[PDB]
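For reference, the chain that follows is the form deposited in one PDB entry, supplied as structure tokens.
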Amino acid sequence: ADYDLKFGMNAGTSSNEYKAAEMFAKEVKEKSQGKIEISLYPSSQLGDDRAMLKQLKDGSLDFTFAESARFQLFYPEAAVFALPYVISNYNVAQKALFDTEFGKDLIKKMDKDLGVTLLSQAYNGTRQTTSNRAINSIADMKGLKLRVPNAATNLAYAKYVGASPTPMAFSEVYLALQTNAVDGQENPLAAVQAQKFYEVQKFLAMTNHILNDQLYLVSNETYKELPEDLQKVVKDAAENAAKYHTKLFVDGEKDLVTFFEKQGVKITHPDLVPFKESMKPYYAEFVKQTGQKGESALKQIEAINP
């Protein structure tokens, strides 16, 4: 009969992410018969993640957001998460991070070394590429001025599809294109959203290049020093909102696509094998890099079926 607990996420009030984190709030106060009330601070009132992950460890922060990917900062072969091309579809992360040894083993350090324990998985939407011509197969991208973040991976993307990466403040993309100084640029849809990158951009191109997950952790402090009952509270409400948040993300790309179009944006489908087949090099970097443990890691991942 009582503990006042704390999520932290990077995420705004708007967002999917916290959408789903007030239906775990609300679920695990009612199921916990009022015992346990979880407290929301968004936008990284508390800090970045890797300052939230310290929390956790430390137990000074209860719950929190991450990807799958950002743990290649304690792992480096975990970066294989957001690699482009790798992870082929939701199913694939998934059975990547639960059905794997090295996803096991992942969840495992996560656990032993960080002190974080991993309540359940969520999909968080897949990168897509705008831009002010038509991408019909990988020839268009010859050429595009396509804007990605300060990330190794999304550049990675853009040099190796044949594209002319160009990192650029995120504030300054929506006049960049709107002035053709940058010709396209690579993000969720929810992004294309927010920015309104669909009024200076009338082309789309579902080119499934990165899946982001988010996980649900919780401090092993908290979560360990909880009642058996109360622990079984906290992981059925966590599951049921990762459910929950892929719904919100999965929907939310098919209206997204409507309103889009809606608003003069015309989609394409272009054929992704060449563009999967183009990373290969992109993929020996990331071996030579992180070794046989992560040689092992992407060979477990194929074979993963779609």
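Here, rigid core means the biggest group of C-alpha atoms that superpose within 1.5 Å across both forms. Positions refer to the first chain, counted from 1. Compared with the form deposited in another entry:
Note: rigid core superposed between these two forms; among 106, 182, 93, 218, the CA shift is 2 Å or more only at 182.
Comparing the forms between these two forms on their rigid core, the Cα displacement of residue 195 reaches 2 Å or more.
Relative to the superposed rigid core, the position of the CA of residue 80 differs between these two forms by less than 2 Å.
Core-superposed comparison between these two forms: the CA of residue 116 stays below a 2 Å shift.
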Contents of the next structure:
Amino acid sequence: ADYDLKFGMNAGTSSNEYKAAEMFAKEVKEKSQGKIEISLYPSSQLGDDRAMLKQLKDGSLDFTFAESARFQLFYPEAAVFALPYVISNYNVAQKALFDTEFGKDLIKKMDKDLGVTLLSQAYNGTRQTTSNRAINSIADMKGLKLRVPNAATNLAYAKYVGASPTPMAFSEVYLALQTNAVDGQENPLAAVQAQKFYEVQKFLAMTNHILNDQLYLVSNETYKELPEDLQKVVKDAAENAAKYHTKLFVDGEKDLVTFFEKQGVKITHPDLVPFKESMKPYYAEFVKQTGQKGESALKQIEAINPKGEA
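Take the protein just shown as the form deposited in one PDB entry and give its structure as the form deposited in another entry.
Below: the lone chain, stripped of partners and molecules.
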């Protein structure tokens, strides 16, 4: 309580994100000798992730989560992180962020322009598509009222596969599915579990369309008033928590399809060839809109070997 800090998130109390944030908070409290306590504010209590990023910038929130892709709000070429099917796996997401000129520059800009320090990166799952009717092929997407987050890349996923997107905040999704205001949504398996979307969706299709990472971010305004030994406690704990976070997601992606089947969900495996082909005009539009910086980011990312960590 020398430093009463706050960590906001969209994810709820049953999520991997929350579990990993709990680990982070406990380690920081212990290794700071009680000087720092981090309280958690889940379920978008503080607003969504766009709002919480603004709060880090202003200094009114100390920690939050964001995807690398979310920075497309400020640097359009950063949409590359969530162009469907472009990033192959988490290894590529890691090397894109830390081992390309594009990624390194993004991290610097987040510090300089946006008032946030990137502490660590974790895996947050690969997005899949749930619905109230089976998705056996891309044909079943046509006219599907697909909820998406308020993010351009997810809206484009829905548009280009032929669905009818309805954007809304994460907090609103359960009701929309339950009432069939929409016919489906798309999120990684762990979120379908955490939010209990399986209670209100009979089908899950392995569309494998967007790879989510997760950044542990701190407000520069907060981090500057921690003496360096406490900065180190916070950084080391964020790195430890990110490895745990990733493991929770990796382990669940092995186990969760059976969990859902046990809950009465039918799992489909549509041919993804047409899904990937449908994105080609979107990639062209991305390059048009974002120009040389976008074409460069895409080339840098496509060059990455998806085999091997680092």
